[PDB]
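Chemist: Here's the letter readout for the chains.
Number of protein chains: 4
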Amino acid sequence: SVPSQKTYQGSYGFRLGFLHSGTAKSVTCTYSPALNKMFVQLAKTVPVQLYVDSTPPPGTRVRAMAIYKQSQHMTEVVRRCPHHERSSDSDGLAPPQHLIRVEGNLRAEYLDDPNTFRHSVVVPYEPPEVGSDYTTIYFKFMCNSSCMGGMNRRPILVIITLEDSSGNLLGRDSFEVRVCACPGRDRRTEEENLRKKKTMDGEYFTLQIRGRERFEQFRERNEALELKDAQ
Amino acid sequence: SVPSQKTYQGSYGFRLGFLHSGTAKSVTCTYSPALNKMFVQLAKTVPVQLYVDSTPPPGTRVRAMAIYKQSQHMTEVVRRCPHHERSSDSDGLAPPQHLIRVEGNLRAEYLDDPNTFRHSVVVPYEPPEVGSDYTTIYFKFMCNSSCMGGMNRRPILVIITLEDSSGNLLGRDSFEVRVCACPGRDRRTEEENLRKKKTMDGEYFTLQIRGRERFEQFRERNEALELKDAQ
Amino acid sequence: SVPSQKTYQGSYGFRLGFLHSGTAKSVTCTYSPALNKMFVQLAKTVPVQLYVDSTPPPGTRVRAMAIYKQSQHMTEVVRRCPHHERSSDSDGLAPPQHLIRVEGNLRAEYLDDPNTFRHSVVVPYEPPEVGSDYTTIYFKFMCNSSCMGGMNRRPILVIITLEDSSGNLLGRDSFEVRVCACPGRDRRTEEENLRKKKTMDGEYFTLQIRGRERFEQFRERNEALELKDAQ
Amino acid sequence: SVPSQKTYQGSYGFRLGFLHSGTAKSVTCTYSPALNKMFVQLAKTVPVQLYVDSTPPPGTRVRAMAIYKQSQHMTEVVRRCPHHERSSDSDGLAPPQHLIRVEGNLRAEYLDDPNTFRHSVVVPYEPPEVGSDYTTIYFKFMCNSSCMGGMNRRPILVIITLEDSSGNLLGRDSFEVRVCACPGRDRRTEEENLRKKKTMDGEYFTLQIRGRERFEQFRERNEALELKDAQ
DNA sequence: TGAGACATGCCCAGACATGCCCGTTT
DNA sequence: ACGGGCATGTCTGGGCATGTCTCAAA
Ligand SMILES: [Zn+2]
Ligand SMILES: [Zn+2]
Ligand SMILES: [Zn+2]
Ligand SMILES: [Zn+2]
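Residue numbers (the deposited numbering), protein chains in the order written: chain D, 96 to 292, 321 to 354; chain B, 96 to 292, 321 to 354; chain A, 96 to 292, 321 to 354; chain C, 96 to 292, 321 to 354.
No wet-lab data here; the hints were simulated from the structure. Among the hints, a few may not be true.
Which copy? The list can't say, so a pair holds if one copy fits it or any two copies do.
[Said to hold, decoys possible] Under the rule of at most 30 Å between Cα atoms (straight-line distance), these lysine-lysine pairs were calculated in the DSSO-like manner:
(1) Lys235 x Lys321
(2) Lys101 x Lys139
(3) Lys292 x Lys164
(4) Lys235 x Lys120
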């Protein structure tokens, strides 16, 4: 079974938010909106902001899980490479197989589901600190997005979800994460192969569309991309 | 007896949906909008969606059984060549003789009717989560649609039924499959054969777009339209 | 264990000889000396000549065995593809797994060694028929040099050997065989990629060789290829 | 404890020999007379010849062991990386953790010396088949020479040794290994960086040659000799 | 540390490979 | 009865991907 990744703000307008990269511990963790992807170094900290309109009811929790992005791999549980699964790199509260880890919260709980066989981590929801309108959370990924025996270069996706005391869904969101050794580089590169997927390709193509009422449906459809593009 | 490929939605809405993606020569899957055919590689994952209207009673199961579309052999069991049939992989819960399997679903069941010796698989039916509005089971075909001493190029058609808790009918639909090597290829090419095979008649509407795949999906997203005027 | 393929005429000057192709059942079996390779169709007859100086002692036998040509494959026994291993295409005297078969000799014996696990066939040595100075023998190969589960396109090598009553070696020889569906074609093609491996490549390269006495060793060495080439 | 590598021909003039393969990135194994190094891909065949002036006593054995080359790690037992170790390969006759395996020899024995803890495999010595004047033996290296949590990019040295019935040293020789994914390329480079690092001292005669493949062949014959006057 | 410059495992668009199915000549 | 397109599985050199080492400048 492959858990959903469908965005769903729920009745609390739950959604995620990230920070920029170019100061202190930034090159060791950068986010590119154009890709909605987080580039980060093995075992280094990645901060994430939880935004919510109203306020979650008592007992509310926040969970984080990973699924592969590509379809031929989804059904495959995202484990940790074997080499690393055998290392003292564990605060103690978190099992060695788990890829994702919450940093700085002894209230965090790790789960290795009996049925789905999926790996996840949960923490009690906490209200924003007076001043800011979000609750930042810290994550750490324990294997490179290219370890053999592990993810094996298969792009992964992190699904953050807001569940109630009973576990029921209340809101969901997600983002792509690539663990590596040169976040800055890999980000540029990828932001480049994109800034080269629009210019490099410019040729035009036509299409025959029968139906007076149908043409206006494709017209107003394509007349829409003509705006959100040249800008 | 012989299984019917009658497009029987049922009284709930047991239909089919497939992911819209490119058709370059490097992908493992790619659907035939037109021919309702599939082009997944050997042993790769096949994402099959299942929309509906009303939730069937607590027990409805889904099943998969293959059939050769060609009238000549449309009465012969769809097995595996003794080669791969003599091969066991990471799956100690799914017989080597069966063609179709489901990925991640320990609730699955593979059986050969003691009357038809038919290869079929039945996996429990789960309803859509909160937010989303459908469900997709992950199928995996274990043999090329051209392996000598088996299917042997004989085109096929997967019959996905929605039989209730007592094996009785309650929904059904099907689609063609082509376990080939370059899914993009035998999709770019097995498609043009229906893009020069006839000239036809009619007066469309002129509408040109932009983009390579951006459009390759656009003109592609032009087939699912006029199909509501014949059968 | 990979049996030897080292040519060895022995004390009887044992060696092999073939015929030309371009008459009757020729296109269904051709030999190209430039390659010392026999191109032949599945299940069709291939004739081979056994030449020997003196005359083998009483009890002498002749064996034929196949080994893969490429090194990463030698250690692999040359079996028959699974599809074919299950067919009535057997005179009865010869097991279905065996690739090589002697045609027209009920005195022939097939072996499936207990240790080497190799497949072989043997026949009592017979003197030339008055007139010719050789003993022709007939072979048949029961799988295409490209059957999956079988040789799988891996080039094979046939080692004919002259053993005594006890089994001791007395002479050995060998030749390359490719089973296919278009011997003529495949032969030309290959005789072409060769007639294109000498002309296509002509550039010269130099080499520094210290040692007065050593230079004359490479001189008389290369001064040798200058003769057997332009001719 | 660290085993000796000091060559030792012994009273039977024991020493190894290798084939003469090329460098196309399609080769799976390829030795270097220059570097006296083998470049084989993961789990592929590496034939090693065994020459001996006189035949050994009844019971003589050949044992092959690996050692890290570098003085720093020369005391660290060579094991398979965590990943490949957790893979039971179609060779249940051999320990899942042994780096070196032998192919096609049921009489082979794998070892885990209690004291030293080193790993090695042994096989009974076999006299050269008539006509031939040496014995080859087939090995496989179950792990790239850079698996992490394994050799981890550390060069190793395989020490073939000839021991007797009562395991006494009889002779010994060795060679360098590297398990890649491009034995062709990797060797070209490594061989090239030597074919530049040295200038040597002397008077060199000049010999022009025709043909890249042929030239490369002499060049090899010549670099091998240029080693027969170094160490 | 920040940017090259390697090192070394792997993708791949574009050929090649190889069994066949026509159709038509010596 | 041997040259010709054809349906399909597959090889391959040129390039790309991804961790890590190395030297000079805030
Ligand atoms: Zn790892
Ligand atoms: Zn098959
Ligand atoms: Zn076969
Ligand atoms: Zn390994």
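Chemist: For every hint, state whether the structure bears it out.
Modeler: Hint check results:
Neither within a single protomer nor between protomers do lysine 235 and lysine 321 lie at most 30 Å apart by alpha-carbon distance, with minima of 33 Å and 35 Å respectively. Taking CA atoms no more than 30 Å apart as the test, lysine 101 paired with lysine 139 passes in both settings, with 27 Å inside one copy and 23 Å between copies. Only within a single protomer do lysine 292 and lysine 164 lie at most 30 Å apart by alpha-carbon distance; the minimum there is 20 Å, versus 37 Å between protomers. Taking CA atoms no more than 30 Å apart as the test, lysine 235 paired with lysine 120 passes inside one copy only; the shortest distance there is 14 Å, against 33 Å between copies.
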